[PDB]
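A.B. asks: Each chain, letter by letter, is given below.
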Amino acid sequence: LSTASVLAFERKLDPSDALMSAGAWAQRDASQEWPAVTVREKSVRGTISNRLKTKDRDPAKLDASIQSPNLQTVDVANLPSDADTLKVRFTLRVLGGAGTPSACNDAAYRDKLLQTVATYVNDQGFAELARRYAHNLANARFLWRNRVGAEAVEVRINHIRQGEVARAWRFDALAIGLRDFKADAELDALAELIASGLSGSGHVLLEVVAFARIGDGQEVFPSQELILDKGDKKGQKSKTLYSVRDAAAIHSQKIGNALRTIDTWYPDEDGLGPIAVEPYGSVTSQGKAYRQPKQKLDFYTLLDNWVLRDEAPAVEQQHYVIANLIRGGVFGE
Amino acid sequence: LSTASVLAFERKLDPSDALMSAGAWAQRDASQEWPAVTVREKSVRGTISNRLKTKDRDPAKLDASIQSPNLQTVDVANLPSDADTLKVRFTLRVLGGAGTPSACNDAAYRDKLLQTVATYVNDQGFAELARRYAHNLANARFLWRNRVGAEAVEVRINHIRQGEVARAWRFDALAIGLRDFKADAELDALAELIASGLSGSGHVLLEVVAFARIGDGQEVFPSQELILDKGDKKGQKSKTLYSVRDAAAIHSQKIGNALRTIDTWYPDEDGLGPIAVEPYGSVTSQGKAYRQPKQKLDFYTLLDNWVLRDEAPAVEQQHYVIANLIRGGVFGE
Amino acid sequence: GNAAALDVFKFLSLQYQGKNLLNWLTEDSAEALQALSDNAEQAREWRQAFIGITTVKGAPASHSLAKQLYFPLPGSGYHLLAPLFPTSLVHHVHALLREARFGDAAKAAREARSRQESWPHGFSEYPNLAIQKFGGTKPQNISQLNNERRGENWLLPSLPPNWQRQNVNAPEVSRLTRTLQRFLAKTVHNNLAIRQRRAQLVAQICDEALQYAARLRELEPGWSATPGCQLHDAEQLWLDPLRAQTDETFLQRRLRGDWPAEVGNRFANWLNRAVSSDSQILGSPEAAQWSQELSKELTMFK
Amino acid sequence: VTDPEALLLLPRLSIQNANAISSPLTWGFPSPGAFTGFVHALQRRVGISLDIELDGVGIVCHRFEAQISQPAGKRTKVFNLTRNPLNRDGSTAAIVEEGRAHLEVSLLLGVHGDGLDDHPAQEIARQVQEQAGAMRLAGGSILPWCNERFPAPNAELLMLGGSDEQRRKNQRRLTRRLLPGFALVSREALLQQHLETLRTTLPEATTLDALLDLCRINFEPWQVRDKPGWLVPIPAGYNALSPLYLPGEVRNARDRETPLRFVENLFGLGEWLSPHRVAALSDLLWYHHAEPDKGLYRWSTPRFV
DNA sequence: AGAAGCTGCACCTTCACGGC
DNA sequence: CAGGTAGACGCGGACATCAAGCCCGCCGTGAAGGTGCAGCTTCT
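Protein chains in written order, with the authors' numbering: chain H, 25 to 357; chain G, 25 to 357; chain A, 110 to 279, 295 to 426; chain B, 3 to 223, 239 to 322.
I should point out that these hints are in silico values taken from the structure, not numbers from a laboratory.
Among the hints, erroneous ones may be present.
[Said to hold, decoys possible] Output of the computed footprint for chain B on chain H, the stretches with three or more beta carbons under 8 Å from beta carbons of chain B:
hint	region
1	186–195
2	240–253
3	268–279
4	309–323
[Said to hold, decoys possible] The list that follows gives simulated cross-link-like pairs (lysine-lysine, PhoX-like), each with its CA atoms no further than 25 Å apart:
hint	chain 1	residue 1	chain 2	residue 2
5	G	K254	H	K66
6	H	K85	G	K312
7	H	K66	H	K261
8	B	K76	A	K247
9	H	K263	G	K278
Backbone N, C-alpha and C define an ideal beta-carbon position, used for all residues, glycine too.
Using the sequences provided together with the hints, build the complete structure.
C.D. replies: Okay, here's the thing in structure tokens:
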């Protein structure tokens with residue numbers, strides 16, 4: 025009857041931080057002696073290019089300000105002039121036990137939820153979901169700004185069985201587009217491995233390494249750190265990059281959001297592209313939140329219409345519901 | 025329909041930190057293993073050249089004007105004594121998709137802005153903009169003080185396709201002026217290629233080399249580092265030249281300033297020449313900011329008339345607005 | 110509670126000679142008639158509505174985002190143990206020991222040190238503090254005492270070290301010895317090149333000892349009678365006392381000649397017990413040979 | 003009676019987003035309660051199948067890198083947050099401040115049970131490691147040693163498995179594997195000692211621990242007073258606000274079969290020793306102490322000095 | 001012509017300076 | 001198919017002084033809030 029008041033789901037498909045090395049293309053074979061790109065602090069001089077607030081001011085000080093320069097100090101990460109290839113590497117754990125709630129109050133709700141995800145994995149297992157995850161590992165979507173100017177990108181994925189490699193995949197990440205989800209052989213093999221790691225059987229460890237042909241001496245983008253800038257001069261620098269072990273890298277949540285953006289089923293022009301899987305499905309880029317609960321397509325209403333009122337959604341929306349279950353979250357009333 | 029509160033535009037026309045080497049003229053073709061220019065820190069004895077303050081206006085301590093060698097510590101970059109040519113080398117990606125912001129809040133404003141940029145680019149493409157960009161790449165305006173006394177300046181632009189050139193241009197940079205955008209067949213070919221890179225119809229990464237005959241053992245001028253540290257003395261250098269890996273270099277934002285000087289449209293006296301494209305178009309070295317908000321010709325009022333109120337400006341102001349969008353930055357309420 | 114009712118708390122914290130008998134205004138008789146000097150019905154009702162809604166609870170709950178953590182009972186079983194954020198104000202003790210009289214003690218510390226007699230009060234520094242602000246721009250939604258401090262929880266650090274502290278914290297020679305033992309294990313015709321390689325390896329070992337004596341000359345001039353003197357009387361003075369901490373010749377055996385033969389002897393005894401292959405015994409004449417070798421290279425210093 | 007007969011050494015684990023927030027007064031390294039709960043979860047998931055108990059765990063912290071930044075002009079430091087998605091209508095959500103840190107810590111834990119005579123020599127440790135690879139340590143995903151130049155194995159040492167010279171030899175070969183780390187120790191006798199030397203006709207509220215955390219550079223007829246080791250503040254358990262409730266009493270619990278209680282943090286003093294001056298490695302292990310009808314849900318390292 | 005849930009709007013609300 | 005044994009590598013004394021170390025301008029902003037009620041809306 026009533027839903028669980030506390031309903032938690034842990035993050036399956038947990039990635040690690042994506043360290044960035046630099047090296048020449050066709051030297052991707054010996055890509056372990058490659059040095060990492062270090063973030064530098066550089067002071068820049070620019071103008072007052074922001075728009076002014078002409079409220080409780082005077083015109084003389086504002087046009088004297090826009091006549092005067094503006095000194096900042098930002099962080100930047102460059103490739104060397106002897107390396108036209110960025111090597112972004114991370115590990116990925118596919119945990120297992122997908123539909124199991126990590127916290128649930130009602131035992132009847134837990135039993136009905138387990139029976140619902142059991143009937144789902146019985147009639148339609150993790151084929152399409154793992155195919156979309158294998159696409160988003162196969163096309164280099166975790167290069168957010170590092171992909172838009174690349175001539176060629178290549179993704180090498182290695183399954184680490186016990187302490188050594190068991191399976192090697194080598195994909196061209198530009199033939200596999202960012203908006204379409206085709207069907208190939210090696211992608212289906214990677215999806216079957218991801219499904220076996222997601223069916224509760226194993227906890228699969230993969231390494232993903234992406235080579236990107238940017239250019240000699242060009243600028244790469246590690247993920248920017250969030251400082252809220254409410255205090256005494258804590259926003260004078262305006263750009264701080266993420267660095268782990270003296271090396272520029274991308275956050276774990278950014279790689280997770282990058283291989284998570286599989287949802288091509290939302291009620292607002294799904295031919296645009298796949299968006300990230302969120303409850304009340306949100307994109308921070310367009311500043312909109314698709315699947316509002318005024319329409320009957322958010323995660324919450326689909327969830328307690330599936331497991332409570334016994335009415336299954338469409339075949340594409342229960343994929344989104346199970347994708348939130350893999351995505352993990354805190355729900356309940 | 026109103027302006028979004030967050031509007032971020034990503035840098036198209038991304039250059040690199042331009043490195044400097046030195047060699048001899050007529051060996052310009054085999055100028056690959058040329059030795060790099062290093063930055064030498066020297067100490068100079070001078071005089072008091074500044075005008076006196078009210079504390080040093082005493083009759084006893086005007087001795088500082090009389091006997092004080094003033095003992096400063098500067099940096100310098102010289103050519104070798106048997107080398108009369110400065111070579112400056114960098115790479116330049118031009119990405120495309122100019123009007124799409126990487127961050128927005130109002131999706132209606134985002135769609136209206138994409139509609140205005142789309143009716144621009146299908147009204148008039150990137151012809152004048154890429155023509156002026158290719159002209160600023162033609163004459164070595166990125167050689168800032170390395171151009172004012174050079175005898176002959178020659179630039180070589182190589183369209184690096186995969187790891188080799190695909191089309192090479194070779195321009196006499198002194199014949200092409202710094203104040204008027206003339207016509208040339210190779211310049212129109214380079215302008216068409218930069219326009220094809222600016223429309224997302226191809227991947228364009230150029231390698232730009234520029235040789236200048238400064239003189240045998242003369243002084244070349246790399247970028248001077250900004251040191252954001254206030255009042256202290258007797259140990260401060262006050263001149264620190266920029267260098268990457270013991271090789272003197274020009275900043276990437278310096279090259280980005282220099283190949284952005286395409287604005288020959290501003291309501292003040294335009295008989296001087298092109299200035300850079302900024303909102304409230306500023307030359308802070310000259311101390312004057314053209315396109316003041318007291319005129320209706322800055323970037324923000326023209327943009328909010330073009331997008332919100334559907335008041336399309338003149339075609340030159342349209343070129344200025346799209347040049348600001350190609351530049352990038354933070355716009356919004 | 111709701112921040113919009115926080116106004117009423119600003120009415121209840123009015124220190125008109127006592128705000129504790131005003132918030133829970135129980136011990137008052139004149140204040141009831143002073144809250145409304147018209148009648149006793151609305152005055153008593155407002156008084157009980159002011160003393161009542163600030164001592165009232167509702168229902169026990171933990172709304173799905175507060176933490177709550179299993180704790181293992183000794184035999185078996187668990188408890189759920191929901192933690193709640195305390196209002197311990199170390200923030201007052203932190204701010205008053207960083208701004209109030211930190212300035213006076215700090216100026217006494219920073220301009221009175223040639224003057225040995227400074228002011229009779231000390232101060233702390235509290236390094237590596239961390240700011241944690243709960244309400245982002247409007248901290249009133251959290252609580253009232255989260256508005257006195259503007260967020261800013263002021264967390265003390267823990268921060269495990271990285272092999273360096275001010276309070277307190279904490295192999296090519298083996299390659300040479302191993303290749304010397306593996307070299308004198310086997311024999312190929314026993315010619316000049318074997319003795320050349322043996323002299324080569326013992327030369328590398330003794331110049332490694334010289335490098336160890338030189339790189340430990342970079343510690344300090346003056347050691348002391350620090351313990352462990354069972355092997356530390358002959359090699360005590362081979363690691364030189366830098367000739368600068370002495371300054372009046374307080375040591376008489378520094379130039380007596382006691383150290384070099386004994387250091388060579390005990391070094392060759394170490395090399396005897398360290399290098400002993402299937403040719404088991406090494407012996408005393410080899411000990412005297414390597415002893416006099418290191419002794420010549422140690423008396424070569426002067 | 004909680005005495006181990008073995009010591010399963012789990013090697014240098016790397017943890018990518020831990021909880022750098024430890025307590026409402028302390029930040030930095032995570033709580034030892036996290037490590038005791040991790041070992042109790044390992045015993046819940048592994049140890050019942052082998053009929054062995056897993057009680058007590060060490061901490062070495064081979065390296066630490068918090069995700070913080072210094073506000074440019076202040077003497078304190080702020081936390082690098084994460085970005086949450088929009089709420090329901092398209093609006094930047096209210097940020098909660100989560101402190102995250104990269105840890106690299108190896109841990110030795112005391113095996114106790116009858117599920118080892120001589121048959122599980124090094125497959126019991128392989129089982130515990132290959133199951134703990136799919137688990138988190140303080141909110142941080144344990145990165146399970148990707149393809150690199152070297153592996154990193156586990157160890158299982160028995161105290162009865164060897165004579166006295168072999169006992170100290172195995173202790174030495176165990177402490178060579180975690181020697182750059184720093185052992186965390188609960189020090190409560192030192193806190194009470196510094197309190198009762200501090201308490202000379204003046205009371206206290208919590209200054210007994212705050213005075214040992216700080217760096218006082220006071221003057222005595239500037240000087241600076243020294244402390245033995247890194248004496249840090251640590252959250253040492255919980256204390257009872259509420260009488261404990263029945264499972265069907267508190268709305269919105271984690272489950273409706275466990276009794277719930279409302280608790281406050283408790284605060285004690287810890288030290289970061291080096292593990293070559295421990296004098297018995299059968300010490301240095303973190304155990305629970307309930308006394309549950311009083312409160313006092315403590316964790317500690319007993320039998321130390 | 002009466003009941004539930006959603007949205008819009010109002011209401012609350014600023015600091016002390018120099019590395020074991 | 002081989003290539004040395006022995007023994008020892010100096011003392012003294014000293015290592016400069018004067019005078020000075022610049023001036024100008026500026027330092028982004030956008031977004032990161034909860035609770036309670038009035039009224040509207042949708043449905044029956």
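A.B. asks: Does each hint hold? Answer for all of them.
C.D. replies: Verification of the hints:
1. 186–195: holds (count 3)
2. 240–253: holds (count 4)
3. 268–279: holds (count 5)
4. 309–323: With 5 residues close enough to chain B, the hint holds.
5. G:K254 to H:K66: holds (16 Å)
6. H:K85 to G:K312: Judged against 25 Å, a Cα distance of about 14 Å means the pair holds.
7. H:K66 to H:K261: holds (10 Å)
8. B:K76 to A:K247: Holds, because 22 Å separates the two Cα atoms, which is no more than 25 Å.
9. H:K263 to G:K278: The hint holds at about 19 Å.
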